[PDB]
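One chain follows as structure tokens, the form deposited without this ligand.
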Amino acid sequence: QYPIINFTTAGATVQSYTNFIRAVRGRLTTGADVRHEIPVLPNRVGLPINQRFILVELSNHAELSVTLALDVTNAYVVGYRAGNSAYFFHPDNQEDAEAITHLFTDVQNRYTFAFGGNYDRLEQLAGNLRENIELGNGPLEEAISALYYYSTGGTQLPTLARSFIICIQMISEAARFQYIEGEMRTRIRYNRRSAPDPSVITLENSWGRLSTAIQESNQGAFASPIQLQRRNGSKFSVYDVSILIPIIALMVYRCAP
């Protein structure tokens, strides 16, 4: 059985959310591979299948429970279990298709969506962009129930896609970025729901490119600038890893030191 981390929205606090995101990071990578003080996720090359994934069990006030599966090599959600049904995003290639056969083996119903789990396709299926899909404890609660009832005929596809968009940002992206995690802790702290601002959106969009720029930097200095956004629309460029150290908590593996 793959490692499991639990979070509940019932009575969730700043602290309980922080313990949860910390716990997820502790099982995503060992922390022994660090570039310019930023941890690196395990190399897909060499990673045995029995260490490929981690499980995140979510529950809410109604004690509906759902289990997301995260690829440790990129911290992203590849599918989820609800009751005795399991669903998976369309894998990109054949090996990822084979690797997910090792998830939720006990489950009696297994399905692969025709769509992948990238934001662009989830947004069109949800009928809305991340910039308008509110985040917070409340949205996570509702996303959990919608995911649970999808096995039942009670969750339409846009609401499912919207629930995926909520869970991925609040779990995977918060794991990748202390910045995004702090944005989620802001919402939990004040019991507010809020769509992410452009700084969050551009960070999510740039995660791969940021990982490559940092790992192939010459002593922290990038070969090319990466364009980010402030919380207002305003754009700025980053030429060095120094400002990103408190912003990014995990990087996808790109190359050897």
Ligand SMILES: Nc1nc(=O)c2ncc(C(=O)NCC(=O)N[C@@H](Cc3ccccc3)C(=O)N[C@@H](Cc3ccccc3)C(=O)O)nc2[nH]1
Second form
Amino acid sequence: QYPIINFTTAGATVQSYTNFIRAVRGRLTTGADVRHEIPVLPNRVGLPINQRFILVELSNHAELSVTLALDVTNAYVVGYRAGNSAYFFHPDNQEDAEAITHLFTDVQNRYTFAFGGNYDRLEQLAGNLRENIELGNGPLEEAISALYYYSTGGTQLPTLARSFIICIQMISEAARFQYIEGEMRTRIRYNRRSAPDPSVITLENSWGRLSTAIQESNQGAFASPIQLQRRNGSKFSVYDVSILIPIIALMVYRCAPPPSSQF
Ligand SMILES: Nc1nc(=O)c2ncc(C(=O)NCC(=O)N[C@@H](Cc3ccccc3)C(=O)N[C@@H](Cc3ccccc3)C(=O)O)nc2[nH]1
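Now the other one: the form deposited with this ligand bound, given that the block above is the form deposited without this ligand.
Then the entire complex follows, led off by the chain already shown.
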């Protein structure tokens, strides 16, 4: 009963990818919370379990399919299904462990990895950092096959973790940031895979901090500027929510919106 959004890497175009990312965002946000014109994801506090997850069904040219589960509170990929097996990252807490029991309920082989799903852990397992892992339609196509074959020994753990890293950035990070969506559009349009540059990496690393800075801002003004990087690695200071409107698509819930003290 959780919502399902479909995407295939087979014959993918900028438009089909765009449609996909827009649909994911539509299922993540409720319209209940928008601040400085930027939507906020649902608050985990009091969120009914029946509204907690969405499903992303990925298919490829190889005619394989896998289903990712995303937590609506943070767009986080919490696990996946391939045929008769489902795999979940190690939960951060009891409440999350219980919540994932509500996913892929009729799968006959349920596994919970002993490792969590954050980039740091996955990069260690992968033997490579994000900055050295190519993204694009080709990597996603290959990632889907890798996830599919894991249960039968065909996929090494390093290649699984690498494949997770690809999926997370092309789905979850793209949903969070129009900027990253745009980066993926480019790669898809020209069918040219490439690793993420510093502008992409710093945005991913800063999502929580940007979310908090905006929500705690004084009428949009940050108390403390945040440093990001442009493509060439050079510094870019963010002082205000204004410059982020075309860059960030969704925020994680960090605080309550203050009473809108009007003039
Ligand atoms: N499986 C998976 N799905 C994702 O969507 C995902 N998305 C992001 C990351 C990831 O490590 N991000 C690196 C990072 O620095 N994250 C920031 C911002 C953030 C990103 C995603 C979600 C929440 C916050 C952060 O505060 N990370 C936390 C750790 C954390 C907490 C909750 C969820 C993921 C990571 C920290 O450094 O303290 N890992 C993911 N893993």
